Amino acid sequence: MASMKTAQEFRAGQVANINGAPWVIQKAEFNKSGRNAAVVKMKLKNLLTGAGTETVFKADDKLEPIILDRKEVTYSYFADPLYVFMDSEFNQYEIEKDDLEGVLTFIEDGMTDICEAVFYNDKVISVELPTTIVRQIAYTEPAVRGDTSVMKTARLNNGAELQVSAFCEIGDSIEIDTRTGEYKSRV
């Protein structure tokens, strides 16, 4: 699917075919001692088995980059045990709990957030929410009386609990950074 390129052209998050398996690059570091041939040290993770390894390539070593399938999907419903997502042409995908890290804490019935699903030949590699999402507060206590100059706990509709601003009220909408799972603003 993609033409070969040299080891020095790969960066983190790209994927290389090594022995016929897809390995994602977790880290790459280029080195050249004066006028000796340059090399590249890579930390790699095999997308099919989970195995990690670190190795050094010649900078001009040829490797086939792998092109993962990326699709926008929305969450549809929970069959049990699998989670059903759907793309814009109405194709369904059944996804295991184990492949929904990050996403799972904010999954809710009727979720409208467009997720990005990443595939290698009909194996799911990752599902990720938008970097910012909006959620309604299901339950929170009124602000405490007394300060000295912060956060209080809130429940979302799906049962998740989060620290939010002390001025937050039941029914308010909050922006959430999905990278960290943390509150950022009321909206």
Second form
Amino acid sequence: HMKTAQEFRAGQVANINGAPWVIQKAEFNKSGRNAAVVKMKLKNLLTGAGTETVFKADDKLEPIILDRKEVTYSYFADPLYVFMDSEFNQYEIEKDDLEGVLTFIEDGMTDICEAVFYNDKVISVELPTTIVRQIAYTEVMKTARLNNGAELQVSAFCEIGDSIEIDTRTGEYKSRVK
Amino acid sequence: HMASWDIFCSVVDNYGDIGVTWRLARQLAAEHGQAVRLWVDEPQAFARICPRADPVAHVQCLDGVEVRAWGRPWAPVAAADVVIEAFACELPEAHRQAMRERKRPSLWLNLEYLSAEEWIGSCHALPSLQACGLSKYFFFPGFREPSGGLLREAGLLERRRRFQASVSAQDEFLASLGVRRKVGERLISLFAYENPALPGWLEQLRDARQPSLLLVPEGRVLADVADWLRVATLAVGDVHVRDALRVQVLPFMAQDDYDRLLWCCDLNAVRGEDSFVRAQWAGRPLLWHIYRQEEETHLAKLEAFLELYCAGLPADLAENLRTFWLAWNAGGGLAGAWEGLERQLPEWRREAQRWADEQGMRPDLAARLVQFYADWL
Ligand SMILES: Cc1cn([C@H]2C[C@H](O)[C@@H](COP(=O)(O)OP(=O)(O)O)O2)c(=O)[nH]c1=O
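What would you give as the form solved in complex with the partner chain, now that the form deposited without the partner chain is on the page?
In what comes next, the whole complex appears, and the chain from above leads the way.
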């Protein structure tokens, strides 16, 4: 039950020497030749301590699969983000625990997210594997921008105001509506 | 205190893997009194940059360094106080277990590749949390802070200034290589990979107004020079004249003699990472053939150094520099760029000296490794 360090994403948890660490931020960097480096911002899930670690892209870590519960986004308080489940329970999440959602977060977001729990305590929120975003600006593929300002490569057939699908595990274009 | 250091060097290709680790190993023994074991899996490559080395010996002592062949299969031995896997190579599994069976487990360091990109600063000196509890950190060389600095021997720039200010010292060294510069000749060294832009540049040196002496160490670029010279074979000691261009083939020399070669020339064409830095210590204009990577990853690394290196340059000199290096690493098209650089060679030289002297004020990488280990105890 081991995973490659470059396969981890924000919001996931790894078991490192008996300590459960939540990954608040994962960044990929290409070093020399074919080598690569993954920098991680971690937070201990029992003592709360935070640390930064670095791995080879091929290094193997033991993930920890956690409970989940469907949740949706409501508004942005300061400086916390509030999420609500199907039973109108509020979940206030810090900005450091939402680096996976912040890339495609939008006002009035209709996506059905999943809150990651560690012993009945929410630690992060994950977007669905596929999301539907509208293109706010654009000129095989070309550069476009979404309503929240993010930049990603989309199909050249797309235009202003079209609907596209995004794969949140990669943050890349998937398809578009006719 | 005298601590033992294991340095594992995997020669993937070329010579920069063993060049950097040998330079580091030699410096930890000489000016820090450390015990060093240099493990290299391609002893033939080490013998190329160290002529005194025996390429067939399993172990030999050179300049206070214990150089061992990295054999396959690996023979288990005791681990040193510090274990360095250079360039993110993979340690032997049995050696990682020897690192744990000690009163104080070995300090584990990954000496990463050299890059001028900003991301290496946030990763330098960060821990690499191991599932076994071994204390591992990544060590990034760098041109700016924060980083691990650059490899620089004690008194290197002082010896380079005394050498360049002595006409007799420069002529005596060149005479040891069988080289005599003609009056008014411009000296250029050529160390690169297979470069399609080379013949176009040689044509400009051939048709130029000032004569040039191109000193080419034996290597991969010789086939391109021979094709341009239109000769079948180029051997060490050959001298060919093409109008204002003189081409002489030099032998692959010891690492310290390669320094003195770079110190003699007005323009050093270098490559990789070690000779790239060595040309910077020379305080002379530089031409960099960066190691090509997939998906044009090296272009970001080339631009990152250029943006940092061209900070003190005037705008027109910085533009000619970026255009030439880009053409030097991505197909010909450096005609007008070379004409612009050739006109401003004195000014470029003065800025190359300032860049070396400012870099020379930063503590060297070997000293940062010792301070890192001392503060880690
Ligand atoms: C040309 C030459 C290089 N060298 C050394 C300098 C450098 O340490 C090494 C080249 O390493 P480097 O500059 O990193 O480039 P690459 O990895 O592509 O080979 O070879 C010599 O020792 N003698 C020489 O004559």
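By rigid core we mean the largest C-alpha set that fits within 1.5 Å across both forms. Positions refer to the first chain, counted from 1.
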Item checked: Hinge residue among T55, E96, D69, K32, where one rigid part swings against the other between these two forms -> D69
